[PDB]
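Student: If you want the building blocks of each chain, they are given just below.
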Amino acid sequence: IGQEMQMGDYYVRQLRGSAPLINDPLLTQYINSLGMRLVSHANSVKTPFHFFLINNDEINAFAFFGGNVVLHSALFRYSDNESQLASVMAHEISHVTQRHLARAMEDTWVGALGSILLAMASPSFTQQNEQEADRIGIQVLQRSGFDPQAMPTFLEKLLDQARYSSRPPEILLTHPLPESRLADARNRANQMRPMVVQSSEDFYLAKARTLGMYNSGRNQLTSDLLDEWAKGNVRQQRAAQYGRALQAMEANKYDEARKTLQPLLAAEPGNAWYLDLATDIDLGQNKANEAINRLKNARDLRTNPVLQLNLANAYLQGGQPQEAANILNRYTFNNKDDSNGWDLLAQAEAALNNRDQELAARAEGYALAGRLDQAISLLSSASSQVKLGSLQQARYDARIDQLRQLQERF
Amino acid sequence: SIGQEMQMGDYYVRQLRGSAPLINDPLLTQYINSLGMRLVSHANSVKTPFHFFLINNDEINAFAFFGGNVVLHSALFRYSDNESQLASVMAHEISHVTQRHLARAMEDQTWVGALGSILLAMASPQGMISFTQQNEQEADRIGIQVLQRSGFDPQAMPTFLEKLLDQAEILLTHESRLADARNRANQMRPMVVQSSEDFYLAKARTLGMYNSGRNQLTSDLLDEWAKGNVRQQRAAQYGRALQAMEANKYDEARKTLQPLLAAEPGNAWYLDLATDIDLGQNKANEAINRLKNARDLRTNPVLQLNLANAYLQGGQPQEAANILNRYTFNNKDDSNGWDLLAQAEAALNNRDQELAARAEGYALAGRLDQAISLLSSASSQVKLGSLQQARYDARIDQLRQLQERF
Amino acid sequence: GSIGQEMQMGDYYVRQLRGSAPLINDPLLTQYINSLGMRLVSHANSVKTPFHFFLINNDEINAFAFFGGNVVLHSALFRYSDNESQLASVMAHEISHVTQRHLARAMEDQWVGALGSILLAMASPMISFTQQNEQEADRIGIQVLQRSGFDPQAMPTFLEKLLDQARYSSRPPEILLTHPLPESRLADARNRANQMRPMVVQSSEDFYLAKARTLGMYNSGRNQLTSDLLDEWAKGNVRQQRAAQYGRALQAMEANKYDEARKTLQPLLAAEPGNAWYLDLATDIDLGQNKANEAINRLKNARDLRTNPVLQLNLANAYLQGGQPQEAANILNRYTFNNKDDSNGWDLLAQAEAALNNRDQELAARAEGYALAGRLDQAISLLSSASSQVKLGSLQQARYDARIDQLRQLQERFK
Ligand SMILES: [Zn+2]
Ligand SMILES: [Zn+2]
Ligand SMILES: [Zn+2]
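Chains as they are written, first to last, in the deposited numbering: chain E, 46 to 152, 160 to 175, 195 to 481; chain F, 45 to 153, 160 to 176, 192 to 233, 241 to 246, 250 to 481; chain C, 44 to 153, 161 to 175, 193 to 482.
One or more of the hints may lead you astray.
Calculated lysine-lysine pairs in the DSS-like style (CA-CA distance at most 27 Å, straight line) [as the list claims (entries may be wrong)]:
no., chain 1, residue 1, chain 2, residue 2
1, F, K358, E, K407
2, E, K324, E, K358
3, F, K330, E, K407
4, E, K458, C, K407
5, E, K458, F, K358
6, E, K458, F, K302
7, C, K324, F, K302
8, E, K458, C, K358
9, C, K358, F, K302
10, C, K324, F, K330
A few chain E residues facing chain F, derived, Cβ under 8 Å [stated by the list, open to error]:
no., residue
11, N397
12, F404
13, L462
14, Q464
Negatives, chain F to chain C, calculated, CB over 10 Å [unchecked claim]:
no., residue
15, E241
16, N261
17, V305
Source of the hints: derived by calculation from the structure; they are not laboratory data.
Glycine included, C-beta positions come from ideal geometry on N, C-alpha and C.
When you get a sec, could you build the whole thing from the sequences and use the hints?
Tutor: Quick look at the structure:
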């Protein structure tokens, strides 16, 4: 487990630099708050878990060392309910806890494998591992309070689209599904108790933002899906109203987006989804003060990362880079693996013409993207602009030392 | 009598706490009054106790009223180049009170509230009072001696007034009078001048921690302080550590303060910031142990609040209460102690004690009706006939007498 | 050859030391330690290599050596050494490990990164020798120790002073882990020492001043210059007593009480205006209170300014703090070339080139500091910047690019 936490970091750093990862706070927070909810109900967990979202309209999901589960945004277009989406995550979670890929290789090497995981994200197991991944998957899926029949329903809807479409989805290549696999999935969900679970409000909002803001190819949020959601339950109707407000924002129709979002923010002034969108609309119309005052009146400002990055950007476009830096210095210290915070920090330090601090912030973004040589180059320039023996020299040079360890390792 | 004016003074002070942006920082208020106090004792015509308040306002102004209550705007620190210049403002303002000028002026002619609304308008950054040419011709020349017996620069006043002229606010409430200030300062004596170590750090924390508008701690000043005497160089290092903490640069803050704390482990200013850095990194245990080994722990109010706060964050609300229960009876008018004591009593689930501590906070801020409401709630949760019920109801009685006077 | 291979490894390990271990780079302490160490080498047998002596800022007592005649000594040796001959006995011990090639023999018979990672762990706040290795080192050491004019009994007196501390103390001195000390070794050290004639030698005045500066200026943990020691030295021999006033002036200056350090320094300055030790202290007192010019005038009038690296570095720095960066550059461009390994010169050269706004020269001076510390990739980065700010084909471009090539060929030899 010692090495595979480390090879996980090397592989996800490569994923950041090459694959089109969705770095959105609201979506990343959702996929990881949901995914961690199942890990807490999973057995034999050796590692922390992180869940990544790729902008890819091809449906696929996979996982590797260090509890890193990779999910394509296409999973939101296929998932009718939240339990189906978590059904695939528990499928992936069980692949890690059982260490399936670990043993496939215990029976030159790491770069040949890394090209495989990377090519899958950018636009296979034998069925003995896949039966077991279903085995443990639904127990976890049911002790997580989800619908156990969501897996046979979701597996079956992959099969219905593999005959009624030319070539099958890519998920069925890494996770093949014969009729035996379905019949087992269909039986064991039959064997446990019926559950009536409503999909969380965050699932429908996350689907809308995924298909609305990160549209690409078959990943569209179409009028047919929004009109259908206008008839659905109370949670789907707010998400369709949010989806219309989102797309009115995307199309630069800011005043309509404000009036469309108004009934949802008036009903829930402290919801982070509506606060995020209301900041985009205000910033789109050069009213940063309104976007600043609204987020300072948010209850969860100092506890919610989405609100912290949102108000930092609002401070940035509002001409107060120092206020942005105060948030972003604390944000990057508590969320050191978040590339959004380091980037906004680099923008803030650049606005203050703190050149060494700007280069130091840029370096973290490059290190997160697997560009360690270039991160070292920026920190070397930073170190060369400050007196030797200064605290900034020692800091920049020590950071260079730590990144050289990661490069000497591979 | 002095009695009505001391009570009128308390009423105006309560109104200031509720609406004006006061700086309640322990280190700054301890310094502001410690310097005032031994400055007070060098005047003999004083009828009243004296308290000195600091207001977060970038517009320079200073004023005083009944009960020896003086108000100093934080903008005073950027205008004051040395300790004597800062005390020159205070010596001028305390001399107004000791000779009873403002009381004299209102004996000539709804009134008490009209003056209080004016006092807030001057204090609040968001109508004014004005003195006659004699009145402050009294105050300055009566105040230059009060400054000299306290061992500060007599020439510190004049250089401050000329630094006011070329910029044409203090000038509405306050050449003839100025020419007399330089007229009168040159005659007395020339004086060796050395700011206290606390003045330089106090100016650093005011401009660095309470920066607002024109009240910034600029990169020009601390580069200059690094070239001064060894007091200003330690202050410059303290200000840079302070701004690093303000910018949440926690590691840089610890390494900047480390040489100062190693040289002066018992210094209250550095011990204070070391707690802020430790709590900012969720290291409450380390901050507690450091404060227990401080020499002046059970004698210095700043250190007691710092350790009490660290006990709260450290998950020890009882130990925090043991400190704060004694602190609030030694510093009845300190809202910080009452607020921290309310946080501790909330964490111990002593509800009636929490309502009682919250009530004192509202009483100090002038919201007597609300304080009476919270004590009424506390008294309803405690058994009739208990000592607690007798205290809560007695405190309500005391607060009702206060509001019946005005 | 094998001398060449071992001096190539020696340089690699010295660079690693400079990059991670806390070496004292003080001009006076470095000069003294190497002048005393060379004095022993000149009386040693079978010397094949130059020798360099390094001082770690570590209050744990330890001493060891590796390829290329590089001897590294923890500053805690000054706390244990009552007299110069005691300190010399430990160095003679280490030089004898080098002349016997004990470390070379072990690795030859039966990894470069494994040995270098141990050397850094021993210096930062393990290698062990057999009892024959220690037996060879003590005899050969004590013979070179007295041919150098020191007290032979200092070696057993220091060993027994080490054995006594190990028995009572919770943990043994770390030097006794690298150099194990059974009673058999101490009895053998007493035998050969007793075999020669008694020799009561006065420690050099340079020794007492070095111990004062080592413990007073580079104090750390148990490495303090206590008031007990100096009150004790105020009563001593002719050389010890002025070393007392020197250390007293040091911490008066360390505590930023410069006026106190003036009055303490006055009589030794007035009595001895031509020795580097108080001249050095008589520059730091002056610059600390912004009196740079007479610190320059005092050093400009020094006799051995064109002979002694300490006065040159002191005067170069005074020119910098005095607002005359070019005068500092004139000295340091020549000092860096004659003292290629002194990282103080490269740093001061960079500070002067920075003040003159000669950015590529500054980056180039910084790079030599980084190369000396084993950070070759970083030194190459700075030279690449320097090469990018001068025109291609120029004299400076060809120099910076040739220097990059040298650092790259130095890098591949071990990577
Ligand atoms: Zn699978
Ligand atoms: Zn006045
Ligand atoms: Zn040995």
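Student: Hey, does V305(F) actually stay past 10 Å from chain C on C-beta?
Tutor: violated, 4 Å
Student: Assess, step by step, whether the Cα of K324(E) is no farther than 27 Å from the Cα of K358(E), and give holds or violated.
Tutor: Holds. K324(E) to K358(E) sits at ~15 Å (cutoff 27 Å).
Student: Taken at face value, is the distance from the CA of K302(F) to the CA of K324(C) at most 27 Å?
Tutor: holds, 16 Å
Student: Within a Cα-Cα threshold of 27 Å, do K330(F) and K407(E) meet the stated pairing?
Tutor: Given pair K330(F), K407(E) holds - Cα atoms ~20 Å apart, limit 27 Å.
Student: Would the non-interface assignment of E241(F) survive a Cβ cutoff of 10 Å against chain C?
Tutor: Holds, because the least Cβ-Cβ distance between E241(F) and chain C comes to about 38 Å, which exceeds 10 Å.
Student: For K458(E) and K407(C), compute the direct alpha-carbon distance and say whether it is at most 27 Å.
Tutor: Cα-Cα ~21 Å, so holds.
Student: Within 27 Å, alpha carbon to alpha carbon, are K458(E) and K358(F)?
Tutor: This hinted pair is violated, its Cα atoms lying about 31 Å apart.
Student: With a cut-off of 27 Å on the C-alpha distance, tell me whether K458(E) and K358(C) pass.
Tutor: holds, 23 Å
Student: Does the nearest C-beta of chain F fall within a distance shorter than 8 Å of the C-beta of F404(E)?
Tutor: holds, 7 Å
Student: Would you assess whether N261(F), listed as outside the interface, keeps its beta-carbon beyond 10 Å of every beta-carbon in chain C?
Tutor: holds, 30 Å
Student: Measure nothing beyond the straight line between the CA atoms of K358(F) and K407(E); if it is 27 Å or shorter, mark the hint as holding.
Tutor: holds, 19 Å
Student: Given the hint that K458(E) pairs with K302(F), does the C-alpha gap stay at or below 27 Å?
Tutor: holds, 17 Å
Hint compliance for this structure: hints 5, 14 and 17 are broken, all remaining hints hold.
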